[PDB]
Amino acid sequence: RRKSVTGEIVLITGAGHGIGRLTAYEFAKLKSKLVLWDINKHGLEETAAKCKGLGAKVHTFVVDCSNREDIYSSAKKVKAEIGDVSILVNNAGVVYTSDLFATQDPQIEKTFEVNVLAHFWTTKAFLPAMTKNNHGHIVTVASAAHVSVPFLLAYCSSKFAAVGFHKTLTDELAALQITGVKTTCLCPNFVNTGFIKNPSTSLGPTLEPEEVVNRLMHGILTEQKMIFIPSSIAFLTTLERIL
Amino acid sequence: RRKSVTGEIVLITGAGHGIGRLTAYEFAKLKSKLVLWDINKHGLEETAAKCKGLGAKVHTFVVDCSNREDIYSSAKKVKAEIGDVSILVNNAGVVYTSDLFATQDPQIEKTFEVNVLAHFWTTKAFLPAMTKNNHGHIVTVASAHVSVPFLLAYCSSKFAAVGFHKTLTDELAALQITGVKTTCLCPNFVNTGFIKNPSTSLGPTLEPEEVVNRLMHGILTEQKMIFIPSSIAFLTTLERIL
Ligand SMILES: C[C@]12CC[C@@H](O)C[C@@H]1CC[C@@H]1[C@@H]2CC[C@]2(C)C(=O)CC[C@@H]12
Ligand SMILES: C[C@]12CC[C@@H](O)C[C@@H]1CC[C@@H]1[C@@H]2CC[C@]2(C)C(=O)CC[C@@H]12
Ligand SMILES: [Cl-]
Ligand SMILES: [Cl-]
Ligand SMILES: [Cl-]
Ligand SMILES: [Cl-]
Ligand SMILES: [Cl-]
Ligand SMILES: [Cl-]
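If you read the protein sequences in the order shown, they are chains A and B. Here the first sequence stands for residues 25 to 169, 171 to 268, where the numbers follow the authors' numbering. Here the second sequence stands for residues 25 to 168, 171 to 268, where the numbers follow the authors' numbering.
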């Protein structure tokens, strides 16, 4: 059923908090070699210490995944110091600050920089060696756990985009007969249902972070292409806060 | 079955060429008041001249839809000089330079800037007045060959634009804004993917005039989705590099 990932170099972005953190713990338990990236040094170090306790070799890099040059310079260090990434988990997400009208547009831009464009940059960095070895796994994490109304459109759109990235990349790999590089996407149901047609997008039930990761890991280890989960976007209540 | 759009202020981006131009002509015949945006002054003036020949009031603006400030500056002019746009056609698309002659990454960024983020900026500029009046129509044109280096960006951007449409549609519904409609011209691949749908590699496809016929009919009947076959020749594009 489930593949071994022992000794595989697994790189997880956004590993200092949330799903990314919990995902790192699961790979640690499986004795992968971990490369953890996060913008927040403190969260990153906490994740890494626990992963070591779980029995894994772990390396950390503070990386701002809104910054393409930071991603590439850090990827260069990974390749030189650690080796070739075999499982890439694109998990980093934008974190919103102010709601205020005047400062929204840069954060709408950042939403796409982190949630979508970062996946291009990491794939460009790490897919060539995977292709060369015909061995790899690219994991598009397009679910994250509440977003204020001004960012709802950007946030949701960016998830459709990430799912599109996965679907297109999957078929490109197939077209090119790159049979050893697998893809897995963690996808919110709203990408299939929309919001109004699916009351769960407003009412739940939703999943605990532990449940999301259990489902993600099961999908990765059985090499499922798609893993649908209910989001916790709280659509109607998010929108009623203006009405 | 079809609404009249007589005297509606219809803004079309990418109106200096291709289906934007052909769409401008159809709105011209229906006696809309046209606002045409494009990065090319001559293409723009050519489209305008024919729209005027077809009997319509027409105004033009040279606008780089990759540039948020330019969009907002131009929108301010439209509001002041012409009035409140009632039909917004988000049609501008990225144009690529071969990676033989340019770096890839700025063009991947530009793909999202034009094909997705521009729709945010035009919507933020024009939707408020539409909502105030409870009258408007936002048209997401997410159908437009692309080389292998840009195929992933190009395709992903169309999924994104369809996601924009679907989310916006539901926000408006949730807020009970009944008079602002949405229409999306969507490639079939967003529902089927590529390998599962041989037409994405083999066709048959539509001629531009057919695409525009279907677009106009959907707009005028206020259809939310209009699926069309794309012409990206997926497998042959990729297998070329093998
Ligand atoms: C597989 C292939 C194309 C075949 C071989 O040269 C390896 C490269 C690795 C990077 C891939 C590229 C295809 C196009 C991809 C998928 C992109 O658009 C970003 C990363 C790119
Ligand atoms: C138009 C085209 C080729 C079509 C499109 O990819 C844009 C580029 C822009 C640079 C041009 C190139 C044709 C060949 C040229 C003229 C060169 O040899 C140097 C610059 C090159
Ligand atoms: Cl991060
Ligand atoms: Cl980040
Ligand atoms: Cl959902
Ligand atoms: Cl076109
Ligand atoms: Cl390049
Ligand atoms: Cl298609």
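Don't take every hint at face value.
Keeping only pairs whose Cα atoms sit at most 27 Å apart, straight-line, the calculated BS3-like set for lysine-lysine is [said to hold, decoys possible]:
1) B:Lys55 <-> B:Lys81
2) B:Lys222 <-> A:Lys222
3) B:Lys65 <-> B:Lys103
4) A:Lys250 <-> B:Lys65
5) B:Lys55 <-> B:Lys101
6) B:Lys207 <-> A:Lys222
7) B:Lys207 <-> B:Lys100
8) B:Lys100 <-> A:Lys134
9) A:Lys222 <-> A:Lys250
10) A:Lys222 <-> B:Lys55
11) A:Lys148 <-> B:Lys134
12) B:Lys103 <-> B:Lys53
13) A:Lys222 <-> A:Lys156
14) A:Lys100 <-> B:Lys134
15) B:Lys222 <-> A:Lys148
16) B:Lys103 <-> A:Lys222
17) A:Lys134 <-> A:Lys156
18) B:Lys222 <-> A:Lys207
19) A:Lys156 <-> A:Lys65
20) B:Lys134 <-> A:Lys134
21) A:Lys100 <-> A:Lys65
22) A:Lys65 <-> A:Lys53
23) A:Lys81 <-> A:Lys134
24) A:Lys148 <-> A:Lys222
25) B:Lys134 <-> A:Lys222
26) B:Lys148 <-> A:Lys134
27) B:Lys65 <-> B:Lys101
28) B:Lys101 <-> B:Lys134
Hints are computed from structural coordinates only; laboratory data are not their basis.
With a cut-off of 27 Å on the C-alpha distance, tell me whether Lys222 of chain A and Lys55 of chain B pass. Violated - the C-alpha atoms of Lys55 of chain B and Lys222 of chain A are around 36 Å apart, more than 27 Å.
Below or equal to 27 Å on CA atoms is what counts here, so check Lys55 of chain B against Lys101 of chain B. holds (22 Å)
Has the given pair, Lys81 of chain A with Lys134 of chain A, been kept, meaning a C-alpha gap of at most 27 Å? violated (32 Å)
Is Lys103 of chain B within 27 Å of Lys53 of chain B, Cα to Cα? holds (23 Å)
Below or equal to 27 Å on CA atoms is what counts here, so check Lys156 of chain A against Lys65 of chain A. This hinted pair is violated, its Cα atoms lying about 33 Å apart.
Check the hint pairing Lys222 of chain A with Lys250 of chain A against an upper bound of 27 Å on the C-alpha distance. holds (25 Å)
For the pair supplied as a hint, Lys65 of chain B and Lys101 of chain B, confirm whether the alpha-carbon distance does not exceed 27 Å. holds (17 Å)
Next pair to validate is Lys65 of chain A with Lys53 of chain A; report whether the Cα-Cα distance is within 27 Å. holds (22 Å)
Is the Cα-Cα distance between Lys134 of chain B and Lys222 of chain A 27 Å or less? violated (33 Å)
Is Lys103 of chain B within 27 Å of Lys222 of chain A, Cα to Cα? violated (35 Å)
Between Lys222 of chain B and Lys222 of chain A, does the CA-CA distance stay at or below 27 Å? holds (26 Å)
Please verify whether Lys55 of chain B and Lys81 of chain B have alpha carbons no more than 27 Å apart. Between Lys55 of chain B and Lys81 of chain B the Cα gap is close to 8 Å, so the pair holds against 27 Å.
Hint compliance for this structure: hints 4, 10, 13, 16, 17, 19, 23, 24 and 25 are not met, and every other hint is.
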